[PDB]
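Here are the chains, one letter per residue:
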Amino acid sequence: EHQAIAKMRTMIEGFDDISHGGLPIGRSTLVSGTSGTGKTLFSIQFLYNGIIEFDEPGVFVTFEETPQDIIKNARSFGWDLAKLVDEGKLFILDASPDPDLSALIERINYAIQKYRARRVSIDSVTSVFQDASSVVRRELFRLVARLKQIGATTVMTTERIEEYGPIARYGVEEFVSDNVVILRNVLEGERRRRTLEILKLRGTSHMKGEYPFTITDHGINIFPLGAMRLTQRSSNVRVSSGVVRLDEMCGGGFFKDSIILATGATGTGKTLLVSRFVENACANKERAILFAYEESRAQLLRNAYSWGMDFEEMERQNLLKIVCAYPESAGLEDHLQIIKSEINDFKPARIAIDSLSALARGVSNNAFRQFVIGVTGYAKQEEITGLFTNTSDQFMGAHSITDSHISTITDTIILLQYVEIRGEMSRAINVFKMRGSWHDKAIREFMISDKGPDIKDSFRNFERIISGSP
Amino acid sequence: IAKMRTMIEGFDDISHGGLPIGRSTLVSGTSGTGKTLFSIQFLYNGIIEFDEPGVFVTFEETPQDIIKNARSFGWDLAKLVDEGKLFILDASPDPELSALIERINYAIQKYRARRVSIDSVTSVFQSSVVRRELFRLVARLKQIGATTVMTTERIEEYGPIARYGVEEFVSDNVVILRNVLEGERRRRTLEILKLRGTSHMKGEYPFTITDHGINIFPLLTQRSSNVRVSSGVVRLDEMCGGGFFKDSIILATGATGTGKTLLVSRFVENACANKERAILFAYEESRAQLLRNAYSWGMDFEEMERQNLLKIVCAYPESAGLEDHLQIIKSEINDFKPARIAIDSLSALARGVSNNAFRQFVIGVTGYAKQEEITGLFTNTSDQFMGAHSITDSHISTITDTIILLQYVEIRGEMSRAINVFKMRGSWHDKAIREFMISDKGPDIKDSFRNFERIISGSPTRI
Amino acid sequence: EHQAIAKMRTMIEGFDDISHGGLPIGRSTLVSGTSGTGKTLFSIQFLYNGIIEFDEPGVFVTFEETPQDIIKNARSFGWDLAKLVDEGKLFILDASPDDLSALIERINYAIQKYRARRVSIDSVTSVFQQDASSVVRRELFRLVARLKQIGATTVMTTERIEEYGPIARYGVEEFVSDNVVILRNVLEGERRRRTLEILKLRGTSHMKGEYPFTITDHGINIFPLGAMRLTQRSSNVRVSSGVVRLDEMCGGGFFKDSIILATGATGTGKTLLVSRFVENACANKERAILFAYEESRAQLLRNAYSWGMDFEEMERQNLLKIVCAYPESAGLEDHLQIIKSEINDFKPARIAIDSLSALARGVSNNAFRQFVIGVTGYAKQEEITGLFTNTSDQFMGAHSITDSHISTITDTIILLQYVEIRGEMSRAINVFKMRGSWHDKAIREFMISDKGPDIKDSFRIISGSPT
Ligand SMILES: Nc1ncnc2c1ncn2[C@@H]1O[C@H](COP(=O)(O)OP(=O)(O)OP(=O)(O)O)[C@@H](O)[C@H]1O
Ligand SMILES: Nc1ncnc2c1ncn2[C@@H]1O[C@H](COP(=O)(O)OP(=O)(O)OP(=O)(O)O)[C@@H](O)[C@H]1O
Ligand SMILES: Nc1ncnc2c1ncn2[C@@H]1O[C@H](COP(=O)(O)OP(=O)(O)OP(=O)(O)O)[C@@H](O)[C@H]1O
Ligand SMILES: Nc1ncnc2c1ncn2[C@@H]1O[C@H](COP(=O)(O)OP(=O)(O)OP(=O)(O)O)[C@@H](O)[C@H]1O
Ligand SMILES: Nc1ncnc2c1ncn2[C@@H]1O[C@H](COP(=O)(O)OP(=O)(O)OP(=O)(O)O)[C@@H](O)[C@H]1O
Ligand SMILES: Nc1ncnc2c1ncn2[C@@H]1O[C@H](COP(=O)(O)OP(=O)(O)OP(=O)(O)O)[C@@H](O)[C@H]1O
Ligand SMILES: [Mg+2]
Ligand SMILES: [Mg+2]
Ligand SMILES: [Mg+2]
Ligand SMILES: [Mg+2]
Ligand SMILES: [Mg+2]
Ligand SMILES: [Mg+2]
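Residue numbers (the authors' numbering), protein chains in the order written: chain B, 14 to 112, 122 to 152, 155 to 494; chain A, 18 to 113, 123 to 152, 157 to 249, 254 to 497; chain F, 14 to 111, 122 to 153, 155 to 483, 488 to 495.
Each hint should be verified, as a subset may be incorrect.
Simulated crosslink set (DSSO-like; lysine-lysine; CA at most 30 Å straight-line) [as the list claims (entries may be wrong)]:
#	chain 1	residue 1	chain 2	residue 2
1	A	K172	F	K102
2	A	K480	F	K480
3	F	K85	A	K172
4	F	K280	F	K102
5	B	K280	A	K345
Simulated restraints on C-beta separations [unchecked claim]:
#	chain 1	residue 1	chain 2	residue 2	range
6	F	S431	B	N260	24 to 32 Å
7	F	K371	B	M252	56 to 64 Å
8	F	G91	B	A17	50 to 58 Å
9	A	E339	F	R88	53 to 61 Å
10	A	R162	F	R162	15 to 23 Å
11	B	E448	A	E187	34 to 42 Å
12	F	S431	A	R162	34 to 42 Å
13	B	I38	F	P110	44 to 52 Å
14	A	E187	B	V347	40 to 48 Å
Please keep in mind that the hints were generated in silico from the structure rather than gathered at the bench. Even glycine gets a Cβ: it sits at the ideal position worked out from N, Cα and C.
Use the sequences and the hints to build the structure in full.
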């Protein structure tokens, strides 16, 4: 026309959706972060993807690492650079020391037009000036300007010392570059959280703020929070809960494309509903994943066997997959990526998390919510009926279903609670709510035996039941 | 002191007329705050409104770059630059002081302009040395009689205003653009620190960068009548005594699964049939689940949308900041012109934000549906079912005109619901807790809860 | 303390009370500020007030701003420096670059040339932006000492980078001078609160801490929220509330010199009690102001009529004035300013605020209390019956009267509450107390209709769910 900026798709999982296309063409993009944020990896993926996807020859300019180390390091992510160097599709410009700007611009311009390279990656300019906050501005501006005329899209790596200090080392590089990306490795308590951020994109629009990401065997995996987004398919289909009495209490089964949440005090029978729930899928030749977060695979099996359920059988048949882990063993972003990886490989019909309350421990209520949105959102988009557990910190203290306030993110709510009746400790199941279906509104009493849960009749001749002592 | 209007949506209000004429205005901020976009909107608007010539001095960027990025919003920087209306004086050093001021005055005259935009004065000095040099620039510029905009750069978001700590004391007018990190979410605000010799609005104001450039949001002149509209529930209309006032803010509150998302359905529909337009801003449920559920209750949102008498939005509250959300609801109410508006829910947009930020949001939204005579039903889920003592956890009860209380009542091992009209500003309403049930048709309010005491607690004791 | 130091009257609203007389005579005063805090506007209002109210000739020394702009700016408030200069009463001794002993010589020349008593320099910093801590200290000393010898009460302006960092830009000026004032512009979560403080007055006493102030069309307006009075002036004169049945429970209406507070949950009748309180004023031929922060003039008059009250007419008689505002527009300091200014241009018999709770939203508990003591102490100091409203965050089980703890600053409390009676939400009014009068120590029923309140017969109704 023109009426915008043409972008260059990076092919990095999530980055194209945040930048709304990729990296502005011909312009230089600054990618600064602390040590081990994924700067070197970002610039490599930028080139590797450009060649493997579009045959856009790339140039990589290293200052510390050796060309042989750049290739051996890239080996972990399972991509062969030595094969691309030989094909004349990738060239590693070794501008490193050994046991001024003019000389470099030359070599970079020599290798660009030699390989018809459309993509370039410098890592990391900073190490070069290692002077004066003014000198770095001029020397940097010179490089950025000289690279602009060539019409080559560059990715400049910059080092940092603080997670929230100045954007770049000298507090100047940010204004020189047209596009700025910040890679963070923030420390919560003792867990590291990876966040990528597009600060500015001179010309075009983008998504603002930090976005969680992970470094896996596939490289950088970003997760656009609300991209995009609240547009998952919803069917009026029904699925069994594993309990006939609960099937009826919910208007004849659960609901394919729904999030179920069983809440209650400790030992109310949450892991039972989960056991019967996962076993039902396997009694229909359907796959199911049970994400255990508070019981060993050995205990779940022995407890399920006392309820008349053979988890080992469903496992030998490859219908049931148990994934146990410590919530504190990793970050909430890692758990999400782990879960998403499991659903893609195993491709199950039902999912269960025992429990959500355990993942919400020693974490911000905001970080936990963004997690529940990711798990529930991903499950709804794939029409994977998910059942989430939640333990009440309080026993016989009503108020709110959850202390995390995830009631509005759930579609169905099964409320389990203790009830002191005649110096005994009875239990009461209840379908608090069910979106898109009629549901039983009775506070039914249920028992637990070797034959699972026997849902009996409600307490008609009782007031103040919800109090836990009527 | 006379001020020339900028036409930057909201800035003229905060500045009370615009920018002090014949005086330099400093605009400092961090990277990607809008310092450069601010200066371009200054010359552009000043022209495409008043044909007032304008000059632009660059130090890092290239004229080709300015014109290139100048598009994005669809600004003919090409024609204007060539039409003789605008001129871009380069000044960047070759890749491989007094002359500047001389090249500038010659430019101001050679084009006959009263709007200049320097950017950036920091790129240069690369602060006792910057104090004098910056003094001379701003000084000689006051004589030329030009209203300047000098862009500066900052490192910290709440630290110094400029780089060296003088730029502010040299300039007469200071504006601060910010990009504060609101826990993973970015909130850009504009504040006028000082306007020598004139009054302005103190403090920071939230703004957003969009296709129409910048849209700053400043902040009780409304207007109401006695005209009443339906709620979709014939009875609920009887409990309110004719229904809801055309120009009013309604609030349905209760625990989860009480029937607030239902009422929102009937409310949006009472407009669909009446041949009126209704917008639904959903933040909890997906379009698909709503429609499916919308149908499981009778109403057919699929058809109501085809007749162009309804607009379902759908968005994550965590997708953007409160400011961004407000700008959507707004830019969405002006490109549809609806009679009433529904929000499901307020508790959703309150999540992961400060009570202060949320309140500033609920006011701005409400402060709109009013200055536009639009019916506004807002939903709110109480994170306390049974034994709750408050209409809202965010305390927004004294910002709404009507309130619908939905609560759970345990009547002998039975989870029963109870609707009520807690209040109704400037009307009679039924002041009794009515038991209601939900079917495949919608709500059905029955007799009250007589023969029971302490219904409020949620576990009453029959008399 | 036998003989105290003679102080120069500033005539800057509130400053003379904080300083205990004004600026010590013969000594220079440092006014450190953070850019746009009001360092210049203070140095001008200092000379101006001297020239206009004491014939005290003034000399304003500029180091950056042109004498033109200095004057051009003053017109903003309605001052005419151009005139006061043509008379040789004031002199803008320009010193803006295109030393040391030069400026001093020029100074003493003007002081004696104009017999000037007040001097103001703005600023002794941009003069150094063209040094080292060791230099400025001795440089700043040479200036002060010389002025102390001339015997001219000076006001030297200084710049600050941080709001709570060093006093001056070098950490020296704070000690060279005898008197130090700190003008702050602190960011209180998006809203700006400017406060004045006297860090030290060598040889005399003063009020310590920060004092909130505003910059308006009448210059700097400080509020010494601390010591003033509490001498007051009260009477046994009664005032009707416009309900009749309430005036009875109050022992014959409210006291003319008293603070009335109407507390209750939302939709209780706090706004209705204000209407009835206002109509009574327009009937007794008395001017009344209404500060509505929740509803707009439109919604008020419309809601007022529904209660059989012509708010539209009451104003058509220049007897009622509705001041609709937003608590989120400005800060408390800015509200207290608009409220006072409003009372001084109308001089009403009674004012009603709807509501205190709306103004206590997003502000600290101490900043609010300060504001309440402000409007309360002011409404009382002018013998004006003030009625304040306060919404309760919770209903049925309210532990206390107010969540902000404002009850002990009120004299009369009108407690409103919801009462559940057999699946029916009923209302109950009560006079919780009355400073120096008998009141109906009983919670009575209460209904609202086309008219207004109708206090029915009396009746644990406190829990909101009686038995
Ligand atoms: N196969 C892999 N699986 C998971 N993580 C990996 C894998 N390979 C590398 N990593 C992680 O990626 C990081 C390497 O990122 P990269 O070298 O790009 O960081 P950087 O920001 O450039 O660091 P520096 O500035 O110190 O050079 C390591 O910290 C390592 O934990
Ligand atoms: N074979 C059995 N016979 C009878 N009751 C049993 C049997 N097995 C388990 N239970 C009961 O079930 C309870 C445990 O059920 P479950 O593990 O589902 O509880 P939960 O809600 O998941 O608790 P937690 O959150 O502590 O893990 C025990 O407290 C016990 O009362
Ligand atoms: N068409 C568009 N729609 C929405 N947002 C846009 C559009 N074009 C640009 N933007 C955003 O507006 C911002 C304006 O950047 P601007 O050049 O004003 O920053 P700056 O403060 O000058 O930065 P620096 O200090 O580094 O020069 C960009 O960062 C970009 O994110
Ligand atoms: N007529 C007016 N009415 C209301 N407010 C005004 C008026 N004129 C100026 N102001 C306000 O008062 C301020 C004036 O303060 P002043 O110019 O004294 O700042 P300062 O502390 O001297 O700043 P600097 O250190 O940069 O010189 C302006 O920022 C403006 O907000
Ligand atoms: N077809 C139906 N028949 C009977 N009951 C139904 C039917 N559809 C829905 N319901 C009931 O009505 C409720 C609908 O909840 P709704 O979404 O209206 O309320 P909400 O408080 O807004 O919910 P949430 O907190 O999830 O946003 C469910 O709890 C369910 O029990
Ligand atoms: N014309 C009328 N006829 C009967 N009852 C009415 C009428 N107008 C209002 N009401 C009742 O009185 C209430 C109005 O009282 P008022 O406006 O003083 O409440 P409030 O305590 O100020 O509440 P808020 O602080 O939420 O505005 C309404 O909620 C309604 O119940
Ligand atoms: Mg690296
Ligand atoms: Mg368990
Ligand atoms: Mg710029
Ligand atoms: Mg809902
Ligand atoms: Mg000044
Ligand atoms: Mg009211």
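Checked hints:
1. A:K172 - F:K102: Holds: A:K172 and F:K102 sit about 28 Å apart, inside 30 Å.
2. A:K480 - F:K480: 29 Å, holds
3. F:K85 - A:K172: 13 Å, holds
4. F:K280 - F:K102: 47 Å, violated
5. B:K280 - A:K345: Since the Cα atoms of B:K280 and A:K345 sit roughly 27 Å apart, the hinted pair holds (cutoff 30 Å).
6. F:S431 - B:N260: 24 to 32 Å: Once the Cβ atoms are compared, 56 Å apart, the range 24 to 32 Å for B:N260 and F:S431 is violated.
7. F:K371 - B:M252: 56 to 64 Å: 60 Å, holds
8. F:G91 - B:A17: 50 to 58 Å: 52 Å, holds
9. A:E339 - F:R88: 53 to 61 Å: With Cβ atoms ~59 Å apart, the hint holds.
10. A:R162 - F:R162: 15 to 23 Å: At 22 Å between Cβs, range holds.
11. B:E448 - A:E187: 34 to 42 Å: 60 Å, violated
12. F:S431 - A:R162: 34 to 42 Å: 59 Å, violated
13. B:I38 - F:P110: 44 to 52 Å: 48 Å, holds
14. A:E187 - B:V347: 40 to 48 Å: Given about 41 Å between the Cβ atoms, the range holds.
Of the numbered hints given earlier, the model fails hints 4, 6, 11, 12; all others are met.
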